[PDB]
Amino acid sequence: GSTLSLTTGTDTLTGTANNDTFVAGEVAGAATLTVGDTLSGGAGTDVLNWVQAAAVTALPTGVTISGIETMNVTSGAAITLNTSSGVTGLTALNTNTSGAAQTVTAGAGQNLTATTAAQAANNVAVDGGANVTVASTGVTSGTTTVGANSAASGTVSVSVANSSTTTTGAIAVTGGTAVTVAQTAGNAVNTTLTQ
Amino acid sequence: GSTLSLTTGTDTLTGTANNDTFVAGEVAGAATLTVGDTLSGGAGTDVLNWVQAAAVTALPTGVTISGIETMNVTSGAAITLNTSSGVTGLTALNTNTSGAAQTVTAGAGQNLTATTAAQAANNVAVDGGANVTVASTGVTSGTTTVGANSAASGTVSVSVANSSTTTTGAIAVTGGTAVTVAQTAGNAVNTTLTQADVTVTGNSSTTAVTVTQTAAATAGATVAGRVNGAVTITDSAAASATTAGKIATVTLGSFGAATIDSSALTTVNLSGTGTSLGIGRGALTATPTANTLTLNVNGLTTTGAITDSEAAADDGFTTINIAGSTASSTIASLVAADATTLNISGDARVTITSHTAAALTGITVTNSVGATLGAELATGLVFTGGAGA
Ligand SMILES: [Ca+2]
Ligand SMILES: [Ca+2]
Ligand SMILES: [Ca+2]
Ligand SMILES: [Ca+2]
Ligand SMILES: [Ca+2]
Ligand SMILES: [Ca+2]
Ligand SMILES: [Ca+2]
Ligand SMILES: [Ca+2]
Ligand SMILES: [Ca+2]
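As they're listed, the protein sequences go chains A and C.
All the letters of the first sequence, read from the start, carry residue numbers 249 to 443 under the entry's author numbering.
All the letters of the second sequence, read from the start, carry residue numbers 249 to 637 under the entry's author numbering.
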């Protein structure tokens with residue numbers, strides 16, 4: 249397929265009906281998913297990569313994603329987004345933090361995956377979606393919390409890793425066809441972590 | 249292959265599966281390795297050249313380099329990077345400063361090379377990697393320090409040059425299959441530079457250590473003055489009662505107050521201008537069976553004593569062999585209190601100005617040019633010459 253780049257402006261981008269990928273990176277450290285951006289996919293090998301130093305805050309005004317199957321969202325700070333509207337045709341949403349919070353809500357029909365490195369005292373909270381997956385490492389105080397506002401259509405699969413001696417903060421799930429929460433503890437040889 | 253240029257944006261670059269090269273320069277003095285950049289190589293002739301006026305700091309958010317074998321990093325200021333993650337497939341990391349610090353950590357499987365010009369008071373520190381190489385010039389105050397946090401899989405090879413009169417700052421290595429630290433001194437004709445104190449501490453892979461320096465000299469009208477740095481070599485199992493010990497050979501090329509401590513030590517290679525060597529063996533409680541020090545000399549001259557520190561209160565070497573080679577050597581004092589046989593062999597004169605080896609039962613020169621012993625032999629002690637004076 250072809251590879252299409254968003255700008256700091258208003259973009260009107262239309263895919264090839266093929267293996268095409270949409271890049272919503274930075275320009276001078278300025279975000280490229282911006283007001284009025286409208287994206288359109290075609291055939292079913294479509295990816296949107298949204299990467300920003302700045303915290304993801306919501307979908308910006310007038311933005312519509314359509315016909316794009318996979319959405320990857322990566323931030324140098326927190327993510328807060330809802331994708332139950334504006335977005336249509338999306339089978340897979342993947343959101344990625346390293347060292348800040350996450351607060352994500354997906355539309356049913358969309359498989360959410362919230363990967364978080366060095367979670368520390370930050371809190372992950374996710375809602376809705378079809379199959380959800382939480383993958384959290386370096387955890388500490390941080391709560392993990394799923395379906396508190398809206399359950400998943402399919403399966404929940406949390407997993408949480410902690411290296412700290414300070415104890416692993418809550419995990420709560422509500423709803424889903426089947427639930428798995430998999431904790432680990434990786435603390436040092438003369439310490440006690442309570443899970 | 250094909251040649252691909254990074255921009256001040258988010259780049260998605262994919263190689264030919266061939267000899268392709270990736271350029272990560274500057275645009276308006278703005279970096280081109282930036283947030284979200286993803287690079288992909290293919291086949292095994294892949295190079296990434298990252299060049300920046302600004303200090304290298306860390307890999308930027310969302311960056312993933314993959315399928316790229318060689319990474320070259322050059323900065324107008326300091327480098328700090330860790331490459332044990334984010335980068336995958338990387339066989340070679342080369343980092344380049346001129347006049348600022350370096351603080352680099354490579355993943356095992358990656359050959360690190362940290363070249364630094366005009367090091368001055370800046371400190372190089374490197375860790376991990378497979379084979380590491382440090383190449384530092386214009387040195388002064390700067391410490392050089394390897395494997396303080398993580399040892400190399402393969403060989404360490406430091407080398408350090410100084411032109412200053414201010415003295416060469418520490419050098420420390422920890423770990424590696426074999427270690428070499430090569431100092432030089434290039435100071436002016438009426439000055440004295442005193443060289444760097446070296447410490448090597450083996451991990452349990454360290455078979456050999458080499459520590460070369462520039463020869464000492466007295467500051468003259470047309471003689472560049474040099475004093476030598478202390479060297480301290482230590483094996484892992486130096487303090488252990490039971491663990492083997494791995495450092496077998498040590499090579500010196502000039503030295504100040506030198507120490508070795510290894511229960512696996514058999515050979516010492518000496519060379520140039522020395523102050524003192526103190527040989528200790530590991531504090532193993534077991535009574536040692538192989539007790540042969542081979543001591544190959546070549547152009548060696550000593551202020552003071554080669555001592556067997558272990559012999560005094562513990563189990564030293566029973567037989568010492570000295571093989572003089574290609575140039576005259578002079579050992580001011582040889583102190584070996586558990587020594588029994590002494591065989592001087594080889595190719596060029598060995599002179600021992602004074603030995604202190606009370607338990608000697610025989611001395612046997614087999615050397616071509618000859619051997620000279622300035623100390624009066626024990627009335628009980630047999631001596632046998634060979635050809636040569
Ligand atoms: Ca398409
Ligand atoms: Ca835009
Ligand atoms: Ca599509
Ligand atoms: Ca870029
Ligand atoms: Ca290639
Ligand atoms: Ca490659
Ligand atoms: Ca000892
Ligand atoms: Ca002993
Ligand atoms: Ca003794």
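Don't take each hint at face value.
Here are a few chain A residues that sit away from chain C, every Cβ distance over 12 Å (derived from the structure) [unchecked claim]:
1) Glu317
2) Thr322
3) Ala418
Here are the computed distance ranges between Cβ atoms for each label pair [to be verified]:
4) A:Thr293 with C:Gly273: 26 to 36 Å
5) A:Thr264 with C:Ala396: 50 to 60 Å
6) A:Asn266 with C:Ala396: 43 to 53 Å
7) C:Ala531 with A:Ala325: 20 to 30 Å
8) C:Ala496 with A:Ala302: 50 to 60 Å
9) C:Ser250 with A:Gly310: 13 to 23 Å
10) A:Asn435 with C:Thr604: 54 to 64 Å
11) A:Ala325 with C:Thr514: 56 to 66 Å
Please keep in mind that the hints were generated in silico from the structure rather than gathered at the bench.
Virtual Cβ for every residue (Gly too), placed ideally from N, Cα, C.
Evaluated hints:
1. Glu317: 17 Å, holds
2. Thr322: Label violated. Min Cβ-Cβ 5 Å, cutoff 12 Å.
3. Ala418: Correct as stated: the minimum Cβ-Cβ distance to chain C is 28 Å, above 12 Å.
4. A:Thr293 with C:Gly273: 26 to 36 Å: Cβ of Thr293 (chain A) to Cβ of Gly273 (chain C): about 32 Å, so the range 26 to 36 Å holds.
5. A:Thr264 with C:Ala396: 50 to 60 Å: With a Cβ separation near 53 Å, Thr264 (chain A) and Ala396 (chain C) satisfy 50 to 60 Å, so the hint holds.
6. A:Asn266 with C:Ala396: 43 to 53 Å: Once the Cβ atoms are compared, 52 Å apart, the range 43 to 53 Å for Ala396 (chain C) and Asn266 (chain A) holds.
7. C:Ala531 with A:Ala325: 20 to 30 Å: Violated - the Cβ-Cβ distance for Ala531 (chain C) and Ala325 (chain A), about 54 Å, lies outside 20 to 30 Å.
8. C:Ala496 with A:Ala302: 50 to 60 Å: At roughly 57 Å between Cβ atoms, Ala302 (chain A) and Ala496 (chain C) fall inside 50 to 60 Å, so the hint holds.
9. C:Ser250 with A:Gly310: 13 to 23 Å: 38 Å, violated
10. A:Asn435 with C:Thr604: 54 to 64 Å: Holds, since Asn435 (chain A) and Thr604 (chain C) (Cβ atoms, about 55 Å apart) stay within the stated range.
11. A:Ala325 with C:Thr514: 56 to 66 Å: The hint (56 to 66 Å, Cβ to Cβ) holds, given that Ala325 (chain A) and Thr514 (chain C) are roughly 59 Å apart.
Of the numbered hints stated above, those contradicted by the structure are hints 2, 7 and 9, listed in ascending order.
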